[PDB]
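Make the full structure from the sequences, and use the hints.
Chain residues, written in single-letter form:
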Amino acid sequence: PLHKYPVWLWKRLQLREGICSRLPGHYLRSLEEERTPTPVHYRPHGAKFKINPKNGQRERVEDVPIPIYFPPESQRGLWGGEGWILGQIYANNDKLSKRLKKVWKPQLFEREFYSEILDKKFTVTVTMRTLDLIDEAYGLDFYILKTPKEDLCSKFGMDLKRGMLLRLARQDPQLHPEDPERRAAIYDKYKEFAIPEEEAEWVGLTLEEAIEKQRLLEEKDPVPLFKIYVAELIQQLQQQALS
Amino acid sequence: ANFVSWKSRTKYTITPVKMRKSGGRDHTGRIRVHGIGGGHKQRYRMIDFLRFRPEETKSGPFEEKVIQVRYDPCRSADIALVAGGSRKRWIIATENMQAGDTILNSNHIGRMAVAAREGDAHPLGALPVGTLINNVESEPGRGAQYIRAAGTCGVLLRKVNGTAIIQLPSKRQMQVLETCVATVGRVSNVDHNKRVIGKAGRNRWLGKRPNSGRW
Amino acid sequence: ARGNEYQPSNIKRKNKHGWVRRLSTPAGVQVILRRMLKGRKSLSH
Amino acid sequence: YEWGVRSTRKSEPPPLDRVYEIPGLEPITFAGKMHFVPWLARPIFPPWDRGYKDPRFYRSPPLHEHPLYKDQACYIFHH
Amino acid sequence: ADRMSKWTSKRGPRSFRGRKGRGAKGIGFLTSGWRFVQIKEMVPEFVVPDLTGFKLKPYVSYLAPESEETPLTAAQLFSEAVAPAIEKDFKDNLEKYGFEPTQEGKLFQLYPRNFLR
Amino acid sequence: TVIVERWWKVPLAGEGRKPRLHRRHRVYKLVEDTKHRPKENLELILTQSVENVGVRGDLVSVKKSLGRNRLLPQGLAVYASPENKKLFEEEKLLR
Amino acid sequence: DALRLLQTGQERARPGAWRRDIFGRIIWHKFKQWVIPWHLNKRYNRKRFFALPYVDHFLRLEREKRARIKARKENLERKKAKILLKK
RNA sequence: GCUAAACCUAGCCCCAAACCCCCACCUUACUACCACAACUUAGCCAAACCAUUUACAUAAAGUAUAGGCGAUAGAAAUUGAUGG
RNA sequence: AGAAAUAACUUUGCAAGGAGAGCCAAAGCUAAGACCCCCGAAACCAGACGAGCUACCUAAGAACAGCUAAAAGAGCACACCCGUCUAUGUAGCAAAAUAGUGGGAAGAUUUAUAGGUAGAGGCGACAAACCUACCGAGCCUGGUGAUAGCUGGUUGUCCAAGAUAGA
RNA sequence: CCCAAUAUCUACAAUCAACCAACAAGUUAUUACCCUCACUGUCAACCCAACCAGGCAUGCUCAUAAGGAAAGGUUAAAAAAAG
Ligand SMILES: [Mg+2]
Ligand SMILES: [Mg+2]
Ligand SMILES: [Mg+2]
Ligand SMILES: [Mg+2]
Ligand SMILES: [Mg+2]
Ligand SMILES: [Mg+2]
Ligand SMILES: [Mg+2]
Ligand SMILES: [Mg+2]
Ligand SMILES: [Mg+2]
Ligand SMILES: [Mg+2]
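Residue numbers (the entry's author numbering), protein chains in the order written: chain X, 2 to 244; chain D, 61 to 275; chain 2, 48 to 92; chain 5, 31 to 109; chain 9, 15 to 106, 113 to 137; chain H, 53 to 147; chain Y, 151 to 237.
Be careful, since some hints might not be right.
Reference excerpt, derived from the structure (chain 5 facing chain D, CB under 8 Å, subset only) [said to hold, decoys possible]: (1) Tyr-31; (2) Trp-33; (3) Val-35; (4) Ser-37; (5) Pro-77; (6) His-108.
Restricting the straight-line Cα-Cα distance to at most 27 Å, the calculated cross-link-like pairs of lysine-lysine (DSSO-like) are [claimed, not checked]: (7) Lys-182 (chain Y) / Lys-20 (chain 9); (8) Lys-40 (chain 5) / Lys-197 (chain Y); (9) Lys-40 (chain 5) / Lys-83 (chain 5); (10) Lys-197 (chain Y) / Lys-5 (chain X); (11) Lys-100 (chain 5) / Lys-118 (chain D); (12) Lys-223 (chain Y) / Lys-5 (chain X); (13) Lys-81 (chain H) / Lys-99 (chain X); (14) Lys-78 (chain D) / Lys-40 (chain 5); (15) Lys-69 (chain 9) / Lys-54 (chain 9); (16) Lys-229 (chain Y) / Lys-34 (chain 9); (17) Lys-5 (chain X) / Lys-229 (chain Y); (18) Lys-61 (chain 2) / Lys-24 (chain 9).
No lab work stands behind these hints, which were simulated from the structure alone.
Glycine included, each C-beta is placed from N, C-alpha and C at the ideal position.
This is the structure we're talking about:
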């Protein structure tokens, strides 16, 4: 026979049926939405069209992203967007020589980074690209706060983002006690990434963590029906009395 | 393979412990070194090589007297049970060690070379030039790793500022800090070379087996 | 002379083909799932 | 020469999940669903103390805190 | 080489034959040297009533009126259990009428069940 | 960063669809390796002084390693951003 | 049960929870009253109450094998309604 | 004359529609009851060997293009979408 | 056990146009009709299952009469293990046995029990020996209806044309 | 079918274990507990060899107190087998 929905619509169907159905709207929107990562390992074609030399006509061109592997060890660091390139090469860079296996891996370092909204020093593994992006962004905090989920591609980075966004949203005093002026300075410096708390709690959560959070949020000890029935009795008795 | 290596003891004691043979099998399960397996069951006596170890809450050079000098399956030399203070230790003995003797263990570098008895432990610098030593250590406060086998003499060659050059039995030199503690003499069980084992059964008893292959 | 390669032993049979040995590795869970799918009523030895 | 090979000691505990070291965050751990799940954070539970203490699983206080504990070291000669 | 027949205590070598029970509850624990200690508390003490003078028998006469199936529902129980006390006291803060808010300090806990049929 | 480009043209895909790739679309050429590229120098400003490089208030182009391991993570320097340019001009106007 | 609903509003006397076996199947798991907490139980933490990825495919085939069984039972049940209306 | 020979339906195939469902049990599974963990399809096969290579709505179009320019591979812009 | 396109041929419609969009058009277009089989390798690659047989190893056990000789891989010889030579047997009692004759039989011996090593891998007192009766490379499922210039087949009636230059 | 925790210890063989002779080198003190016999195997001519002159560890009997039946009836040809 045949299903009533294709195979790739099953995920989107599941996101509407059960516990996943009660998640807040904005989290679902942030989850379903897809964005292409910024190019990292390939030179993107500048324009939508191009003249090729072999014939001379105006042919369309697209940029097809290289597929890159992120081993789980990166999820504990900030690799930027970089990663492994698993593929093949021609031996002598001539097409008539053997097709050989090849893996290109980034050059990783360990370093220390100071987060001001967190006022904490983290030890993180990174790559030269991550340092250059941080410098171009004028600080680690800005780099983690303005970059979107897709370019970071690091659960650690998204957790940092959730912490910083929650710290800004609450305006909680725990950043720098005994100097509120420094608190106000730091908080207002990043005043642009100020989103409400209800949206701050869910930033970066994977789907499973979201389901667990919703369950814990709604799980509750059933109310004794004694209270319910006595309430109904009291309502009926009051109605009878006022009549 | 669930292979918890037997060498799991932490506390030190003179009582023999229960060896488990390997047969050449490493933790994975495959023949890593051919020609090993079988042979007589053995127990292990934890011979202590830091021959200058002062007992709890004590210091300064200490004297110990031996009790017996017995065969040992694992070694090639003959171990000896030395008693000192309130402590017994298994230590590799030299050739002319009899039950009842006494031995000194010191770290005290004297003004000049102290004539040392043929079983005592002294820092390299403390000895004179041209003597024979055993149980040398690469660096101080580490333990004896170099000469330990049966019937092997290690000559001391020279001393310079803060170091000493010693000759290992393989006919080559090495430098070591003068505060490294060695023992003067020749390791016991001399002429262990001349052991005609006679028949393949003896090899099997020791632990070796004949293995074709070794790819 | 051959033919008697099966020297039965309950310990061995339960150790190298049993429920827990299958469930102690992804391949074994795949085996159990195949035999659940095909309909078997003897999933594990 | 220390005694006790490395591969026989208890273990180095697994590297902690980094979510704990974000000052404002309270992680999502699998303590809510009473069973391990490999895609959440390993909780940290209180040290459990039995209100009673069953004789079959008693654990004596260390030798120091026994009522009959003397600093000076006796030398007994028992059988 | 038999895998269809059930697996019970009669099957394996000595060790298996001993370990595997037969659906029978336990009442005690093994101490040192394979010695068994029984506990008087883990042995179900039956509670049989005094049947003397009882005017009911295993069966009921065929001369009995029929009726309708009316299963007891929480509402029905509450209606004649506590409601009349409320109404009587409604003519002039819930434990007085039998409500039990928590179930740690009673011998027969309702949820979870700490007792037996 | 390693930059690679394909050896085999990937057929176009359209506007909605996404390209379907084949076993030959994973062969690659090494366009370059950004680390071999000639070194670069970054632009920052200072909150303090160090006589080897300069004194407070002014722009400085310093080597990336030197400015990342020493000048930045101590308070000496800040990123030459279009928000702290406008701030340090006051620090000289007051003088 | 009536007194349970009144006094604690719980439905089932014995506590339990919906979990996933190691086979992906959704099961209702009945709790076994023990004495030590669940994180210190070397036996209960050998159980896998989750499902790794390799079961998803087998979760599909099963879902299909029981749809066929449904369809054949439906289609047949209508053929036997044509025949019963052709005599 | 034995042996046999004959029969109908039990069901099933392809569509359409609709998104489908008390106790014990991961230890030796079906056993009431004690201190680690998951995250590029190679190749058969064609080239009459084989080594680069070799497939996984309609129309434009088997066109541009790719290719030991051999075998073969191959778009897009735009167009419009209860039954036997 | 003969599935289908490129043309062509036959019969229809309409005909400088045909076609129910896209295609063709210097009588062409649109539609239909006709024509291209079955069984079979040794193999290859991927993922599972196997060391209850056998090879080796580990843990903890067991056996070895009697005589001769006294600490020995000692001699004769039972239990036990192996399998020299001959005969029986060859769908056999047995997919390697039986009867006799033989080698070892306190050792490099033999053996019960649980564990380990996994397939281009293991193990090997090297014989290409053994890894569940068939190992110069296990077995099962999948790619797989592998491919096969090779072998074998290819089913109603009747008629008619029909054979040995060469590259 | 087992064992409450912690520290301590735990140098010298087995061989009738004594003579000679060797090498292959072979638990407790403190703390906690005054609880009692539950649960399972128990059969047979039996298991691995498709049904079987084959395979099957240990204790004891060493020719049996235990266990069994080499000939369905006949005649006494050849060829064959064992003596
Ligand atoms: Mg299109
Ligand atoms: Mg080919
Ligand atoms: Mg074996
Ligand atoms: Mg074929
Ligand atoms: Mg040919
Ligand atoms: Mg003719
Ligand atoms: Mg009996
Ligand atoms: Mg008899
Ligand atoms: Mg007879
Ligand atoms: Mg007869």
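Practice task
Measure nothing beyond the straight line between the CA atoms of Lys-40 (chain 5) and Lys-197 (chain Y); if it is 27 Å or shorter, mark the hint as holding.
Solution key: Holds - the C-alpha atoms of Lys-197 (chain Y) and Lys-40 (chain 5) are around 22 Å apart, at most 27 Å.
Practice task
Measure nothing beyond the straight line between the CA atoms of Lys-61 (chain 2) and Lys-24 (chain 9); if it is 27 Å or shorter, mark the hint as holding.
Solution key: 15 Å, holds
Practice task
Please verify that hint: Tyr-31 (chain 5), Cβ, nearest Cβ of chain D, below 8 Å or not.
Solution key: 4 Å, holds
Problem - Residue hint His-108 (chain 5), partner chain D, criterion CB-CB below 8 Å - result: Not OK, violated: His-108 (chain 5) not within 8 Å of chain D, min 17 Å.
Exercise for the section: With a cut-off of 27 Å on the C-alpha distance, tell me whether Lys-78 (chain D) and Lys-40 (chain 5) pass. Expected result: Since the Cα atoms of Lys-78 (chain D) and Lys-40 (chain 5) sit roughly 21 Å apart, the hinted pair holds (cutoff 27 Å).
Exercise for the section: Return the status of the interface hint for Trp-33 (chain 5): holds when the least beta-carbon distance to chain D is below 8 Å, violated otherwise. Expected result: 5 Å, holds
Practice task
Against chain D, run the beta carbon of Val-35 (chain 5) and see if the smallest gap drops under 8 Å.
Solution key: 5 Å, holds
Exercise for the section: With a cut-off of 27 Å on the C-alpha distance, tell me whether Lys-223 (chain Y) and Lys-5 (chain X) pass. Expected result: Measuring from Cα to Cα gives roughly 19 Å; hence the hint holds.
Practice task
Sort out whether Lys-229 (chain Y) lies within 27 Å of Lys-5 (chain X), counting only the CA atoms.
Solution key: This hinted pair holds, its Cα atoms lying about 23 Å apart.
Handout entry: Hint consistency between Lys-197 (chain Y) and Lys-5 (chain X) [alpha-carbon to alpha-carbon, up to 27 Å]
Key = 36 Å, violated
Practice task
Identify whether the interface hint at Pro-77 (chain 5) stands, where standing means a beta carbon of chain D within less than 8 Å of its own.
Solution key: Cβ of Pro-77 (chain 5) sits 25 Å from chain D, so the hint is violated.
Problem - Proposed interface contact between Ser-37 (chain 5) and chain D, which counts if any beta carbon pair is under 8 Å - result: Status holds, d = 6 Å.
Going through the hint list in order, the structure does not satisfy hints 5, 6, 10, 15 and 16.
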